[PDB]
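Asks: Since the structure of chain C is already known, use the hints to place chains W, V and S on it.
Protein chains: 4
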Amino acid sequence: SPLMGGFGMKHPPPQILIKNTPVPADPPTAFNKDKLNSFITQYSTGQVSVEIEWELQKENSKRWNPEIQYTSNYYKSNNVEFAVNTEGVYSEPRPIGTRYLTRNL
Amino acid sequence: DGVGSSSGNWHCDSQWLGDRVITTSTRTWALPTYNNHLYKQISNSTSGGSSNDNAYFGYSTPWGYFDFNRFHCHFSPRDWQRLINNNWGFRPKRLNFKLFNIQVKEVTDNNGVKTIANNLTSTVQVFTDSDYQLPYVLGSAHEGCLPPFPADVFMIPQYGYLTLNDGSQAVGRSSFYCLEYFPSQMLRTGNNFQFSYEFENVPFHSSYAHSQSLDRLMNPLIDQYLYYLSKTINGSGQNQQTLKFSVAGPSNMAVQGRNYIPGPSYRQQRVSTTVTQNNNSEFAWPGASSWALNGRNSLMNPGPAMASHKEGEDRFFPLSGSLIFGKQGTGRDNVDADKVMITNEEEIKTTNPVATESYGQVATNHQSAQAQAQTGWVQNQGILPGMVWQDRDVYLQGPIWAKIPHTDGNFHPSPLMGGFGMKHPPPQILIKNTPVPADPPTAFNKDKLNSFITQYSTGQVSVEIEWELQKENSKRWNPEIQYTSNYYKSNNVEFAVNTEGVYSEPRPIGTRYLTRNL
Amino acid sequence: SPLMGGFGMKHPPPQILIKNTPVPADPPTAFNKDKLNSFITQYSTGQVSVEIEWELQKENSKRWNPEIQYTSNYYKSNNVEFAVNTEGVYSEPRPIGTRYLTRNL
Amino acid sequence: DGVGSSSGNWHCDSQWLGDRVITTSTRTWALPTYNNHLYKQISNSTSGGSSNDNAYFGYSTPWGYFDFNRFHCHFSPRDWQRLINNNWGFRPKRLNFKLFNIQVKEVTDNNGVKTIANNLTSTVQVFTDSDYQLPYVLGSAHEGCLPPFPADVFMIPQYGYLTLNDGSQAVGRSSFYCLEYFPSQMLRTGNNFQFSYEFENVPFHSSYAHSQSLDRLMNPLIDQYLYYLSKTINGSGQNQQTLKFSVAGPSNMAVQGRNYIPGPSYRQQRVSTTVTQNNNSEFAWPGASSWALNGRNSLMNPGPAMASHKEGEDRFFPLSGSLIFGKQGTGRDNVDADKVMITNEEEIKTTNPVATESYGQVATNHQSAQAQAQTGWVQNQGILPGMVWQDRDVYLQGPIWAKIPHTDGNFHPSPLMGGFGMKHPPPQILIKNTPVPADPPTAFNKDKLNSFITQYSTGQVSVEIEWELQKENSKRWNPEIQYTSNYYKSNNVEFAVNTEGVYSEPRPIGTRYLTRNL
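From first to last, the protein sequence lines are chains C, W, V and S.
Counting along the first sequence from 1, when you hit position 57 you're at 695 in the entry's author numbering, and nothing is skipped either side.
FYI, the numbering for the second sequence is 219 to 454, 462 to 743, going by the entry's author numbering.
Counting along the third sequence from 1, when you hit position 35 you're at 673 in the entry's author numbering, and nothing is skipped either side.
FYI, the numbering for the fourth sequence is 219 to 454, 462 to 743, going by the entry's author numbering.
Do not rely on the hints blindly, as some may be mistaken.
To be verified - When the alpha-carbon atoms are kept at most 25 Å apart in a straight line, the in silico DSS-like pairs for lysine-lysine are as follows: (1) C:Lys700 to S:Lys714; (2) C:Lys700 to S:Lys673; (3) W:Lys671 to C:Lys657; (4) W:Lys552 to C:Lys657; (5) W:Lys258 to V:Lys700; (6) W:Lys648 to V:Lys700; (7) W:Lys673 to W:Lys258.
Stated by the list, open to error - Here are the in silico distance ranges between beta carbons for each label pair: (8) V:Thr709 to W:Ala668: 22 to 32 Å; (9) W:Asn670 to C:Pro665: 27 to 37 Å; (10) S:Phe669 to W:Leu447: 50 to 60 Å; (11) V:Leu743 to S:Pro401: 11 to 21 Å; (12) W:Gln599 to V:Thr709: 50 to 60 Å; (13) V:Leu743 to W:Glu719: 32 to 42 Å; (14) S:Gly220 to V:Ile678: 33 to 43 Å; (15) W:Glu507 to V:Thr709: 44 to 54 Å.
To be verified - Residues on chain C that point at chain W, a partial pick, calculated with CB under 7 Å: (16) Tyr681; (17) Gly684; (18) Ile706; (19) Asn711; (20) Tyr712; (21) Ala721; (22) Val722; (23) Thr724; (24) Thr740.
Hints were generated in silico from the structure; no laboratory data involved.
Ideal Cβ positions, reconstructed from N, Cα and C, are used throughout, including at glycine.
Only chain C is shown next, with the shape it has when bound in the complex:
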């Protein structure tokens, strides 16, 4: 199990590598054997989509009293947590774990 947290796999999702194909500038009219070092300045943009299906393990606890749950605080604040600021900057105000429900040992 990865020490930083997560799922350890011998064959994880493969690395996806992307590069802009070089586009040479105008070459000299006389042959030169050296590799070209004059290229048209280029960059690329586009959209990327990733879809992941997750399997869930539902809880079947017989605990009587209510569990601890992650919840936002109703108390008034200048900004909504996990939202944008007045300058459009998105922020994550706190780390959120996964361990709120309980089960016996």
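Replies: Positioned in the frame of chain C, the structure of chains W, V and S alone reads:
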């Protein structure tokens, strides 16, 4: 399809069948980049607001939206005249919407001069809130709808929404919505977008005016078999108390028994358009009727459907009881009375109470030999069994529909500004230009990109709505009142363009000209 | 809708009425027309079971920030909320509503 | 069935097939009312505890539970002797459990005299935690199991559980379980209860002792083809440094290369049963090995499976390294050494390190002409590749199984007290007398009833377990060591009743008498 092939044709026409009329309208739109592709938290603090009643909290989105929630977006003045002069009612049935001929442009500024060129590879994103998961802003009479004149090119309004607020601050229950968290179709210059919508069943709008009044439904020739107390004393002194009863008949119609009563009220202040009849004081906000929600006062505007004025009292209006439209070219702030068009609901005076009067009088004590009978003015009256009323009339330039708020209970959810109330109205159609980043640095930087190519998009939008008609079957002998243009000579034709090409709507047009019995 | 909260029905769950059948004591050996007023002192006990099926309306919100949720407080206390005391007394420490999730108006 | 018909028969026997042995045991039980039908919060404050290491928080339930997690509950001494003398291994396969002949009694006290009578209409509730939704208390060596002697009548232990605690207080993560929130069968005197359970696949228990040691697996007649550094200096002064190498052979077995090494360690303190060899100080708790969890120290007891003592050192034991059983009639607190039975694991000295020794020595520096080579005692050693070890032996009076804690990771989850570790062990069987209220008041009172008829229940319980056997196929020529009774005359027969009818187990019996190669 391709760069050199049109993705749609210009459809703008009205087709009149027997019980149905199909309206089609096409417009050319322009969509800029809003908020520089950013979401921004907004509030009365950001806009400088100070009053508690106007405090708000919300977000402004980089998305635009298409709005066609005004009748003139679909009906020409002639079609509107035909509809109102030939039908007792109408209602929308189904909707067809199309986006096509997408054209995305890039703008480059060198020095005080801008050059515009096509960006054939850029995309525009469009999706419909068919599940109604976003705040609905089409239920407010906002600007930015399709122009009434087909030749006008219009700018797509920016989409924004409000959430729960405490002053200029938010609360934990406040919600933040990201419109990129929705699946949306991405369209290049060759692509088009279309969807169909079916209106939920709604009652026909009352495009008629009653030819009878609620207090004059009896036979004027026959007495009732019911009696009334005519006298209490002994006429022509002390100790003169003696009960009396008389038949209620044509000579005294006011005391006849009646099965139904006029609809509810919430009294408005009365304002004259003859300025010297008004009080010499500032009474707008103070004198206005209002309602309160969580400590915030909101103007009662336009409020319950009530008759604007008593017969012959045309100079008076209720302070916030009526829709006010602005004439062409009218300014935004503090314009004179001649620069606006004050609608009136005099047609519903036969069933609805007068906005500036008490509902009636109610007994307030027990009369006796020592105490004279006392009555009190009913300034507001709620719904009572046996009440009947007419809803507010709709107008050519007025709204068409509104979304019924998702609540546990509601009563007669006809929109108070006029139109058809629906739990599932036509969905919001949101559109945005996909950001196109400028040249990024050659060294990786984790910050989000803030340098983008200046872009805007343009194209055509078509909306087709099928309307169901309720024909009139009146046996009235004398001719009806009909909306008509005036033959008398004028410098310009009403509902036409001026010498500068400016289209104007000179007056609001209602729907209630034909008559039917009560 | 009931003003105290709940579901209003013209035909709600019917009233279930229960009574111990009277068991007369020894009657006199001579007939007496008066109704008997001497009965064996009795009481009854047993188990009662009620099963109710509830239909659920799931939430389909597009809200980005986390919702307000009912949660127990982790902070230490002498007793667990909604549990028994050292004397076996069960207690409900607070009223719990139903309105924590949010939706547009 | 009915009041006058038995709901089951007395089944108590052992059936020995070829590779399987089926043990059946029946006992008579008595179940009182616990906590007067109440759930009670318990903690070290309620019991008067003060130390941090012994602080706890939990609940005591009115439910009892059936426990048969000890080998003597199923195996008679003769059956145990056969199993240990004739098999190299064994493991449970399947389970059958029965409750029958339910008898519920009511107790009435008039004045210093109690009368007991049947209550034919009262019920007893039984259910199994097949989904393992309740805290598992069968994994601890608790009293209250079925008696080893079939004629003994036993009292059902009360069920209790512990949750998260901070001192004597609870936290928000603490859980409270109501056992009435589970479906349970209600049984009158005519009803019976039964269920079947299948043991999950577990390795065979090692009921053998190795006839070879891990350091003596080589051929004693042939040299290795590997060398060792025999000398470093120049024998018989200064400047005498010269490397040397020799063949590792039978004459020096300690330096031969080996492929596998003894298993892990965690050193224990050494205690002599000859009291005058021990230090004249109080060293129990202080001198003991421990581990810490959330600031609480818990004794390392019994800890890793390690050899109890070196060859011939029988008088010594590890301070908390071994299971300690009490002789019949032994008191609860501060009993002498002759009143308890100290188990030992000398059979695993061939593969496991000695509990009271260092694992070995490890280099702690770089030797040079100025610094002499230094080594340090490895007092605890974790798992290393190539390690082999034997688990702790099981005993006739020892535990059978335990529940593997539901955690993300574990290593070799064999219970440290001995037995078979299972993620899904035999489920807890919980039993309780249904409360029978006394006469209630004739006027309604909303408070829960606190006046109940004094009741207790009795009946028979039967459990049948099928065990799989691993037969021995040794080629050993000389006879093996076998467990045997001593013929020499004695006042009483071992594993029998006394003149007062008291059954006693005079010694712990292991399983490792047969031998096999390493």
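Asks: Quick one: which hint numbers does this structure break? Sort them smallest to largest.
Replies: Hint check: 1, 4, 8, 11, 14, 17, 18 and 24 fail, others pass.
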